[PDB]
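Presented as structure tokens, the chain that follows is alone, the form deposited without its partner chain.
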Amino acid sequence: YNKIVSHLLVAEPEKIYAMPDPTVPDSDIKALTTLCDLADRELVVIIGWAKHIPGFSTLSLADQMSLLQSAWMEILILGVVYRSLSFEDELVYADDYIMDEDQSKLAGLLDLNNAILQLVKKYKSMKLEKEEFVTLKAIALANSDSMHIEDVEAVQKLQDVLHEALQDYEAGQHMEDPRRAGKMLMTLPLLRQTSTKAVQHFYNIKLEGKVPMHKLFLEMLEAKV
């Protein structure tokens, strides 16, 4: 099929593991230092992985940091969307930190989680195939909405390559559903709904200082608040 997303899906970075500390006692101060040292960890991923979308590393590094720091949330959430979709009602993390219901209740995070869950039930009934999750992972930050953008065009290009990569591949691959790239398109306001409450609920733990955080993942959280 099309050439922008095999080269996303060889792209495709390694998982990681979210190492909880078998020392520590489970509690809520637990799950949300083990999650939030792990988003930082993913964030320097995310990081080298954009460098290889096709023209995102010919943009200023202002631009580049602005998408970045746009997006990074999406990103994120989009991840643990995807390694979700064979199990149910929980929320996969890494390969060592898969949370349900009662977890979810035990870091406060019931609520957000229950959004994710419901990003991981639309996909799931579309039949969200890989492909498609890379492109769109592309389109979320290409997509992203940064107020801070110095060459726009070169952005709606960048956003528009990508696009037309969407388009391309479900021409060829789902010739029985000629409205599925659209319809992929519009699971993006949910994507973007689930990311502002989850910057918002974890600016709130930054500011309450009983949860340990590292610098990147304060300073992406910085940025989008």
The other form holds:
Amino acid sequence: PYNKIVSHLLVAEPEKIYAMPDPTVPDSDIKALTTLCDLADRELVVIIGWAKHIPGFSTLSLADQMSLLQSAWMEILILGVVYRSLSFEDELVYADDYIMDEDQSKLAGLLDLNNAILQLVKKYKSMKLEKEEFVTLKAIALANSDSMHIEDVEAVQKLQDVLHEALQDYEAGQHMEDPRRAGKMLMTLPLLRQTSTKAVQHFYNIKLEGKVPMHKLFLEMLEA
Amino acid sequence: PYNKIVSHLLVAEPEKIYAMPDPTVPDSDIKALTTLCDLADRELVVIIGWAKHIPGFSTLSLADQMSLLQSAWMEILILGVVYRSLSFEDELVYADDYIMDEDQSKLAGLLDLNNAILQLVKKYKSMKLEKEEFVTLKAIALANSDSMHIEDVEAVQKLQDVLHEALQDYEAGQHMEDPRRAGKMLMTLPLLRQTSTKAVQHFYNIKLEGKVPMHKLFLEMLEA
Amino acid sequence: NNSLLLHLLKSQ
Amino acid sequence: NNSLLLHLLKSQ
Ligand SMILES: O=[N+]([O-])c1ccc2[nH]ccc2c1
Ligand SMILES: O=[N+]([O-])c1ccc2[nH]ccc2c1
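Please supply the corresponding structure for the form solved in complex with its partner chain (the preceding block corresponds to the form deposited without its partner chain).
Full complex below, order starting with the chain above.
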């Protein structure tokens, strides 16, 4: 039996969601990008409800809850794709019905972004990332998202501390063979931050070109 | 008496270098940007010689030594400015003769980049960052720089592990009041990565506009 | 205060 | 192999 915060995050983990690319629409970059932005829009709803299960998140000001999500949302989306992809080779599981290989990434104009997501996948495969570690890192990525606009700095630090403590407690109990495993997990966050910045810049530019329709919530997070 | 790796990094720390902005040239964005690119060019030489003092760095292939520096150089430059700025308020100490306030950042077109560097400064002030922690994080930033082009993945992982171990050993001995201090220090690396990416994109664009002269080594690192 | 994100965060 | 970075890394 391990850390209660980790157990709680596991039960809070949202259900799988399908991409459901429109089978009447011809394959194209615009279809692939529409499908991914539509999938992100739906996952963002699910991410908002998930964050409310994080101990202490709901006690922040709605302003601070918004700030954390506005900074971390794309990291949370990327970590989901990364976790789903760990048993695959050079493929990204956006959804069980939407697995992109290199050819498809090329066809969508996503080769560079997807190669960086695959770099995250490669590191977590080598580390044998567990679901417990995944859900704890997602919560840490949210709490540690470095928003410029935080009101209650000390409360956000306490949230970081609670989740960091849960990771350290989990690793101390489950991974006695590697007393630095928690730190190794924290050392994966810079690549997640870098890949997230690349993703947001890329989809912001697609927003500017105006050829890919996007729903309200995805647009709001891109514009933040 | 504390960790030998930390002691070694402290003695390897290079000497201060002056910006020496040309006092015959009128103040302008082009002067400020020329001065900073010239300062970065000279610090890059000093950073290359510093990296050779890091235990095990010189044992990597010259290809892997180049890869680590090509990914981490701007993080190393930014952490230096951050450390020098810790006793200042809303000013960045590029050099003892080159301290930029908000007005000067505005005049150079650097307000957004410099506000993000000041965000790193603010977090390290609140944590009372020590020189020992600074030099260890600089070395970790180099070893953990996530280059796509590494030949000896396992050797680079061992370098990360040696430096991570030194930070943990330092914190276990010096900071018994906070058994999570090492992890808190590792949790600052995502903002350093994010700020570095912003800096490189910004100076790459200045390179494209062609109005700011840049020396060979700075140009080579920007083009990498 | 027109934000969909704020609306979903308030949503019970 | 024209790289200034490689040259400085080789430099004794
Ligand atoms: O990287 N992306 O832009 C990205 C990552 C994860 C995602 N999950 C659903 C859409 C999506 C896009
Ligand atoms: O952020 N910058 O572009 C940056 C950072 C640190 C520096 N030190 C010398 C030049 C320089 C530029």
